[PDB]
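Coming up is one lone chain in structure tokens, specifically the form deposited without the named molecule.
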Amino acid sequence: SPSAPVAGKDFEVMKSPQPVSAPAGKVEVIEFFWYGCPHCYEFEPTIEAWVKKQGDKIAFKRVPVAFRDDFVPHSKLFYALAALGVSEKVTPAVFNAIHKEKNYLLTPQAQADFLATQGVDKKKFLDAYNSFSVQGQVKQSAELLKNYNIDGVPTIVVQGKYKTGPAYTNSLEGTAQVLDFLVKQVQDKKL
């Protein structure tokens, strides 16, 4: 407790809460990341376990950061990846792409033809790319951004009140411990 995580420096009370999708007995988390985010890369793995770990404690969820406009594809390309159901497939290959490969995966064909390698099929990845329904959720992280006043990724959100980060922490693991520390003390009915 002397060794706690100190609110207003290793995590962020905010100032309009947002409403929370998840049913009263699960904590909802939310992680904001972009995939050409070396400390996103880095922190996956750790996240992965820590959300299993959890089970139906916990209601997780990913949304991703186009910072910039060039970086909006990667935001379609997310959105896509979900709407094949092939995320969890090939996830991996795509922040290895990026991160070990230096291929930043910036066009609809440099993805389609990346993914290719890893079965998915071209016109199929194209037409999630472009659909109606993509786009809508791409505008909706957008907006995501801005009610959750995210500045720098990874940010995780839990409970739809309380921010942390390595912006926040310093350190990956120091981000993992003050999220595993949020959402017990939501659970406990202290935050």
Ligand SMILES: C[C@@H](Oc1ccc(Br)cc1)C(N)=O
The other form holds:
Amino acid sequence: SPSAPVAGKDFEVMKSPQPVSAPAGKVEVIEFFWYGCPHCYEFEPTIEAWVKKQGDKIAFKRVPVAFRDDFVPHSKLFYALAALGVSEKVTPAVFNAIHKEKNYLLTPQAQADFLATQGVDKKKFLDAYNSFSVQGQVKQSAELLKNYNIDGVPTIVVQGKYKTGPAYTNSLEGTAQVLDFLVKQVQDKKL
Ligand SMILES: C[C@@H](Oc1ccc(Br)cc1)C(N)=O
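Can you now output the form deposited with the named molecule bound? The one shown was the form deposited without the named molecule.
Then the entire complex follows, led off by the chain already shown.
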């Protein structure tokens, strides 16, 4: 309690809370992230383990962020992987390509070529990349950026109402600690 996160400093209370897509008894958690964001990369093992530990207690999703036109292909990539059902399999290698191999995967052809080395059929991937369904999800993700007033990554949103992230806590461990506190406060009907 004396060490509890401080509202307005360690997390932000949104003036316009957003609809929650989680069912009763689950806390919704959203991570806005960008494949090219170093803190998002570093945070992956931390948030993966925490989400897996919560299990059915939460409904977790990621939303890709393209702050610039040049990075819209990274949001298309995110939704194309999900459409193919290979996200869990290849996403570590995608992060590795960008952050360690200097392959920024900025075009659909570079993505397809890389993903083929990971066992993804290029025609299937490019069909997903260019599909109307993925284009719809990308346009939606940009509307979500606006609706949650997101101006940095990674940003974690709890129950459509509480935002945290290293912009707030100045550390990834602090982000995880605030997230855990927020979810517990929502479960206990304190937030
Ligand atoms: C890790 C790498 O940073 C980048 C991340 C995404 C993009 Br796109 C371009 C560069 C670096 N040069 O240290």
